[PDB]
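On the provided structure of chain A, position chain A' as indicated by the hints.
In case you want the letters, here they are:
There are 2 protein chains.
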Amino acid sequence: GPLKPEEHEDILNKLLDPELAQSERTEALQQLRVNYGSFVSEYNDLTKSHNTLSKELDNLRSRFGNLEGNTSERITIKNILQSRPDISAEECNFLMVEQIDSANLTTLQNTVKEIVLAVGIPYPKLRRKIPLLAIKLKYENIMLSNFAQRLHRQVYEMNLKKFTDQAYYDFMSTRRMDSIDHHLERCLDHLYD
Amino acid sequence: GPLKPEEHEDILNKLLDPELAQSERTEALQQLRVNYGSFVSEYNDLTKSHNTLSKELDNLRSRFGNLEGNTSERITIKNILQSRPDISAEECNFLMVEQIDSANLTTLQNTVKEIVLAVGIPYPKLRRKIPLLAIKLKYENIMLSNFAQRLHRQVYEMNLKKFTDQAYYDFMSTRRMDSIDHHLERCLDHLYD
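Going down the list, the sequences are from chains A and A'. A prime marks a further copy of an entry chain.
With the entry's author numbering applied, the first sequence covers 1 to 50, 429 to 534, 537 to 573.
With the entry's author numbering applied, the second sequence covers 1 to 50, 429 to 534, 537 to 573.
Extracted from the complex, chain A is given alone in its bound form:
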C-alpha cells in the first residue's frame, strides 16, 4: 500500500540532496508520483465503503424502527394499575405480564395467530372484543354452569371438568375443533327431564 510517513520522508530527504544524480531525482519523483496515485485511490475506495456502510446503517435503523413500532405507547404495569383499578401488582406479577416484553416478534405473531384461530374473531377486531371474552369466560360460563350445577345437585354435582379434559383429549388426538363430542351436551339432556 501507500508509503509510511517515515518512507515518504526519506524520499523527500533524498531529493533535498544537492549532489543527487539527475536519473536519481526523476526516479524519486516517480516513486512520489506512483505512491500518491495509490494513496488517493485507497482513500476514495475507503470513502465509498464508508458511505455504503452509512446507507446500510440508515435502512437498518428505519427497518428496526418500524418493526419495533412506537415505544411510547407500550402498556406498562404502571399504566395497567392506573387504568384498571381492579388489578393489583400481585396479579400482574402472577400473570407474568412483564415477561411479554422479552418475547420476540415471531413468538408474539404465533401467539396472536393462535388466539384469533381459537376465538374466531378477526385480528383487526380482536383488542376491541377482548372485554367480551373476559365476560363470557369469567361470568356467563360460571353462572351458566352454576345453574346447571345447582339443578344437577337437587336431582342427585356434574363433573364439568372431566368433560373439559375429555374434549381437550379429543381435540389433541383429532386437531379438529369441529368434531369434538362434548359429553356435557349428553348429560345436560339427561338433566333436561
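Calculated from the structure, these hints are not laboratory results.
Just so you know, not all the hints are guaranteed correct.
Same chains, same label: a pair holds when it works inside one copy or across any pair of copies.
What the hints assert, rightly or not - When the alpha-carbon atoms are kept at most 30 Å apart in a straight line, the in silico DSS-like pairs for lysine-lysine are as follows:
#1 14 - 4
#2 507 - 541
#3 503 - 542
#4 516 - 456
#5 4 - 48
#6 541 - 48
#7 14 - 541
#8 503 - 516
#9 456 - 14
#10 507 - 48
#11 516 - 542
#12 48 - 14
Here is chain A' on its own, set in the frame of chain A:
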C-alpha cells in the same frame, strides 16, 4: 484538505526543473511534506470512522435479529391448513391471519398483555391453554346456554345477548371486571323455580 492529484503533480513538475532556486526546492518539498501528513491524518480518521460504523452495524444486526426471532418457525396459512384440517383458506382470510404479519412489536405486546389480563392465565402458559379457551367458548358456553334456553322456553327465550351487552356497558363505565352485576345471574334464579 489534501492536494488534488493535479496540484500534487504540479509540485513534482516544479521539482524536476533544473534551474529551480534552492529555497524554491526546499519550499516545494515542504509543501509535499505538510500535505502528506494531512492526507495520512484524514485517512486514519476515515479508517476509525469506517470501523466505528462497522461496530454499530454489527450490533444493529444482532439487536434486530433477536427481536425478530427465528423467521423459520413463523406459522403460515400453509402450516395452519396442514396442521388444522378443520380450518379453510376462507376462514384464514376472514380472520385476517396474514395481517398479524404487518403488526409491530409494540402492538403485539399490547395485544398479548390484554389477552393475559382478560383470561387470567400466566403468559408462559398461554399458548398451551389456548385450546381450553376455544372449548369454553365454542362448546361449553353454547351447550350451557342452550340448556338454560330450552328450559326457559318451556317455562314461557332469554335475551342472553341483552345481558352481555349490559355487562360490557358496566365494564366500560367502571373499568372493573370485579363488580359487573351480570343480570344473567338474576334471571337464572328466577328460572331456578
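Query - Violated constraints from the hint list, given by number and in increasing order - result: 6, 7, 9, 10, 12
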